[PDB]
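For this one, chain A is given, so just place chains B, C, D and E on it according to the hints.
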Amino acid sequence: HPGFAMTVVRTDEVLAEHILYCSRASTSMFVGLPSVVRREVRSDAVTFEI
Amino acid sequence: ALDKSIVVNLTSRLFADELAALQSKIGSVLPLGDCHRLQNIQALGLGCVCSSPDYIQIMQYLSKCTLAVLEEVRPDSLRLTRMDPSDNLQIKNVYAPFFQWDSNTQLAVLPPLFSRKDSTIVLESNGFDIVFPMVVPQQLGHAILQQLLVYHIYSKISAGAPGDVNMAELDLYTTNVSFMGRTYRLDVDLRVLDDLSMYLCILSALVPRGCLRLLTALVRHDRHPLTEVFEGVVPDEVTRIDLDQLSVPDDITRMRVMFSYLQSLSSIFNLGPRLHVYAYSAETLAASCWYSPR
Amino acid sequence: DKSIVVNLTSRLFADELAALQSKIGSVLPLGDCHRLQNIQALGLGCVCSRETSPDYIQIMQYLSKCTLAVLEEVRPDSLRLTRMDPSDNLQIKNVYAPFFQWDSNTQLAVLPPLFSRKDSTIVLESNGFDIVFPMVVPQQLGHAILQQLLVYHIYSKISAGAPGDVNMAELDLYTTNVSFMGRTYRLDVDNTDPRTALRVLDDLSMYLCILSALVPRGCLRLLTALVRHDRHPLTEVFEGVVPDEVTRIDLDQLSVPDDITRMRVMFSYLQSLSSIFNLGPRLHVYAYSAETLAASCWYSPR
Amino acid sequence: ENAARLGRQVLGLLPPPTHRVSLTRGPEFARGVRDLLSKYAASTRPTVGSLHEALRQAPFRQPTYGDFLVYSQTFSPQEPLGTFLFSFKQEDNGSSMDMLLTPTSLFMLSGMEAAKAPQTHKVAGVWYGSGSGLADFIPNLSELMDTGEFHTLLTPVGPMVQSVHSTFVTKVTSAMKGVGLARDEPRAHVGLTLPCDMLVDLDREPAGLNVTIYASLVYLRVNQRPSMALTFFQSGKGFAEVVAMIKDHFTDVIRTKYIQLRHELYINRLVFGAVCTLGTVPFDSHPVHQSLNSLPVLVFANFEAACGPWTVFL
Amino acid sequence: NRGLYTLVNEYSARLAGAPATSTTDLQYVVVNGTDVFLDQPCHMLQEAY
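Protein chains in written order, with PDB author numbering: chain A, 1033 to 1082; chain B, 2 to 52, 56 to 193, 201 to 305; chain C, 4 to 305; chain D, 6 to 208, 217 to 306, 311 to 331; chain E, 1279 to 1327.
Accuracy of the hints is not assured; some may be wrong.
Cβ-Cβ distance ranges computed for the label pairs, FRET-style [unchecked claim]:
#1 B/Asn-92 to D/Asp-206: 30 to 40 angstroms
#2 D/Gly-31 to B/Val-181: 53 to 63 angstroms
#3 C/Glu-128 to D/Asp-208: 29 to 39 angstroms
#4 D/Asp-208 to B/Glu-239: 21 to 31 angstroms
#5 B/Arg-189 to E/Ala-1326: 20 to 30 angstroms
#6 C/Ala-100 to D/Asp-40: 55 to 65 angstroms
To be clear, the hints were calculated from the coordinates, so they are not data collected in a lab.
For each residue, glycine too, the CB sits at the ideal point set by N, CA and C.
If we strip away everything but chain A, and leave its shape as in the complex, we get:
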């Protein structure tokens, strides 16, 4: 025994399954309209992003 003690600290994880309550009419949502604009043009594919 050398002349010093020590404290030892860890961290440990848990896969927890959760329950979310959320009351009525808490949030107001606004939804726009989608639009299609292409952004990669190749010899094989012409991609898009909506």
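Here is chains B, C, D and E on its own, set in the frame of chain A:
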């Protein structure tokens, strides 16, 4: 025709001080992690590698990266523009310290090696510090480095033995840079260049053995005729090396080590994330160009 | 549209159709950028023959001339390939046989078959020709083989000239094996034609003795202050025994304005060594999918 | 009847027509801006027909022209349309006018021999008197050939496109990127023109969509005084081979230089040459030999121009 | 140190100072927080069990 607009959202609004520092650098080439358009703040700048810096790990990163230019800074977010090969853009000269670009030059994109006030902008609204690269013309971009590579070597000899280096002779020929008829006094207080000076000096002793060992093996009737001419440029003392004092398994590992510091030191100065300016206005600072990788 | 249709002027069998079926989606170099093409242009082994000695420099030196094309379709009468424009976004599939893991933002380059010719050479006996495939490799091994292949042609010339010079057992393990992370690979260099691999070496000896004539002395004097004082992780090739020639140049004193003119001139001959360590064309990958082995890169030759 | 089937495959594969908006009349400006906005708004929606209209677009690119403003004493009025251009930017504080160095003008600044280039000295003896007005602006044609910094100052630009030559000041337009077309509306392929005296052609060899054109600027010393030399090369062999082919061309120059500099040999003297990359030529386009008052001048079709940095070779 | 109605607002939103990674071998520190679903209550209370 095609979309190039990388909208960088922010989880929180910018400060009133932090917004106006980014308003200045509204034309600025930035490295950027991926090419798609919805990204976070952690993807832009050299802060992924530089936020204790190293030289070659940033210089090799600037070739493999996707470069982009600022266009708009709103409070809650940013907006960029992706820079394609052979793609005309419009860059503003904004980089501190100021170097006075010129038209019909070849601007190269270098890593920053000056202080943390000129290089980066410290944001504390989000916990990230974006880092701007060093966009300097190519001929000045190497004279700004081959003189500070001289300063970083002689400041290590005078640390080990101070009687060999003259400080007054040192900062009279290194801190001044003459290009385009103008003198730029640089700012030096260098842990950036501690990768080159250990690669360029570890190559400094393998070359006098390496050019005699490669000439004694390549002697024959079918010798290329120009090597007869450069058989005299090699000095007197280099042609007195006994190659028998090292073993045959040691002379293999002083070539394979040597050839890797020949190429990997040659590659980072022949890197090509450069861009050709064809118009520049000295008082508006706005410059048109086209990008050209490698 | 761009495509290349290649005739098979005789026929082909059912074994070599299954051999060309496994080699689909692989980049081969072919001769001319015509829509119509015969079998004689598609082989990389039109120069790499069996009865003659190969020339791995000249084979690789042939590879930066050609146009490069990706196979799509194998038919018993034809081979329909798609080509690669010199500034073009395209797709390349990791078929190639020594499996090296790629990722996005890597740096590819095309190399000759340098580990197994017999894997790359499949012979088409119905037409009297064999079609030979290159291998696309990231440049960390693209350069490192060319570093190793030139070290072989230095020391094989010494051992074939006089066997008392070089011990043979240390010659085989060091000059043939390519050091890579985790694995060491054996090159297929046993019976070659080194006559164009020496002209490359006859071009090093012009650049290299210039670099020995104008070494800046401040970098020499930093070695003598580092090889015997400190133990740095990459100077450990140099032990406490410094090379004696380095100390024999220490006889002059330091001079800053005479080493600026040496640092500058040595700088512009380091930029010249990218004419002697050249790979072929380059393929800047910007996206990769590891479960399909499909990279999407940007072709730019030279 | 079968030609009427081909009349549909043509008219369905054409690019869409460029919109013409009249800015002179009033009610024809309303009908032209509206058909931009009613037709772009159907190239954004996520249905199938709106995605059908976004696939017909044909993005052909246009070159980037430079506007240069030259003295007429340093640029001859007799220059073939398609002559290559080198800029020169030694000093900046003036910033009034620009120097453009055609290869028949840079032949006089070097002072190289008329037996190496036999025909182009006589033409450079009639377009310029004694090379004075070209060299009145550079006080360092003896100190940039010693210290080896002449190639660091030239930036290649591209061929001539348009030159409105006046008595005192000549206004020159070049083409830096892309295929060099005349900017004016009858667009003609102004290809790059070189004299046959300067160009040295290098070449079973494969050919791609490419044969490049390189510019080598070689330092030497004639009559024990510094005097450079410039040649043009043309081969599709890749950069590793051409550097090996240029050194074969200059074996007799490297030998006869270092004999003259055997005793005194300063460190600034060692730099020898530099190779640029001027642009590409597509294979299947052979150059046409052409004579101009007589000067044998090649002309290239579809020379699309690029630009590379100067890399020292020796 | 701020008042506890600006800490309850900031509790679930901001991911705290340098937590560990998940499904690795040696418990590295997280970066870029892409799909990182972490709750560390010992960073607010400043205690260990």
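Okay, the hints, checked on the actual structure:
1. B/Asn-92 to D/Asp-206: 30 to 40 angstroms: Taking Cβ atoms as reference, B/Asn-92 and D/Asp-206 lie about 33 angstroms apart, which means the hint holds.
2. D/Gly-31 to B/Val-181: 53 to 63 angstroms: holds, 60 angstroms
3. C/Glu-128 to D/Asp-208: 29 to 39 angstroms: For D/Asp-208 against C/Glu-128, whose Cβ atoms are near 34 angstroms apart, the range 29 to 39 angstroms holds.
4. D/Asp-208 to B/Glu-239: 21 to 31 angstroms: Given about 28 angstroms between the Cβ atoms, the range holds.
5. B/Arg-189 to E/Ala-1326: 20 to 30 angstroms: At 55 angstroms between Cβs, range violated.
6. C/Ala-100 to D/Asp-40: 55 to 65 angstroms: At 57 angstroms between Cβs, range holds.
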